[PDB]
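Note that one protein chain of the assembly has been removed; the remaining protein chains are unaltered in position.
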Amino acid sequence: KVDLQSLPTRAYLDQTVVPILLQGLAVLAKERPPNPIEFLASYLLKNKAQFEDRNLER
Amino acid sequence: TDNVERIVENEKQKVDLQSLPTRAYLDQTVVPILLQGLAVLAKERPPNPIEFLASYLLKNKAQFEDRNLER
Amino acid sequence: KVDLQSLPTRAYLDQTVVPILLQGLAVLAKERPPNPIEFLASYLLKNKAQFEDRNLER
Partner (left out) sequence: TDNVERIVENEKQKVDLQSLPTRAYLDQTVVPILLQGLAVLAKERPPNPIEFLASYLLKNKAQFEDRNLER
């Protein structure tokens, strides 16, 4: 009975944050804003709804 | 084999964050705090991982921001 | 707790020497001096102060 808690580290990350990070990092590299960490963190929060629970968690 | 990375590509004067190649730009700005946050996230495995990672960035931004090519 | 010593190879180099090298290599390619290795090494030493510790080391 595998779930998010039991997955290997890389699989866990690939299931949860890797897709939104890939998108966000690509946007960040294009924009190059004055506050990149804040920008990325903001990006995650703004776009969370489109990426959240699209994984084993269902 | 790994420490071989063509930067002769990007060079083909004054270098700042805006002019850095993509990988260098990211490595200068977010990769350190991301590496730390992703490690914390993988260990905790919280119910809201995207939110948690974003919170981690915000909470630890002060220790990582401006520690790069633009002081 | 990440620091310079713990960074992946490329991130380490990007944090420490890549920016000054980019600038120096561009100057070297423009000047084409009789002693290019010496010129580049000299460039690094002369401009070190403007690039040194502008990274995680702080």
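We call the chains A, B and C, going by the order they appear; numbering starts again at 1 in every chain.
Assume a residue touches a chain if its C-beta (ideal position, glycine included) is under 8 Å from a C-beta of that chain, and two chains touch if they have at least 3 such contacts.
Undergrad: Which chains here would be touched by the one that got left out?
TA: Its contacts among the visible chains are B, C.
Undergrad: List the residues of subunit B that touch the chain left out of this view.
TA: Residues in contact with the chain left out: 3-5, 8, 11-12.
Undergrad: At which residues does subunit C meet the chain that is not included here?
TA: Counting only subunit C, the missing chain is touched by 4-5, 9, 12-13, 16-17, 20-21, 25, 28-29, 32, 35-38, 40-42, 44-45, 48, 51-52.
We take it that only the chains that are shown with their structure count from here on.
Undergrad: Please tell me the distance, in whole Å, between the geometric centres of subunit A and subunit C computed from their C-alpha atoms.
TA: Comparing mean C-alpha positions, subunit C is 32 Å from subunit A.
Undergrad: Would you mind pulling out the distance in Å between where the CA atoms of subunit B average out and where those of subunit C do?
TA: It comes to 18 Å between the two C-alpha centres.
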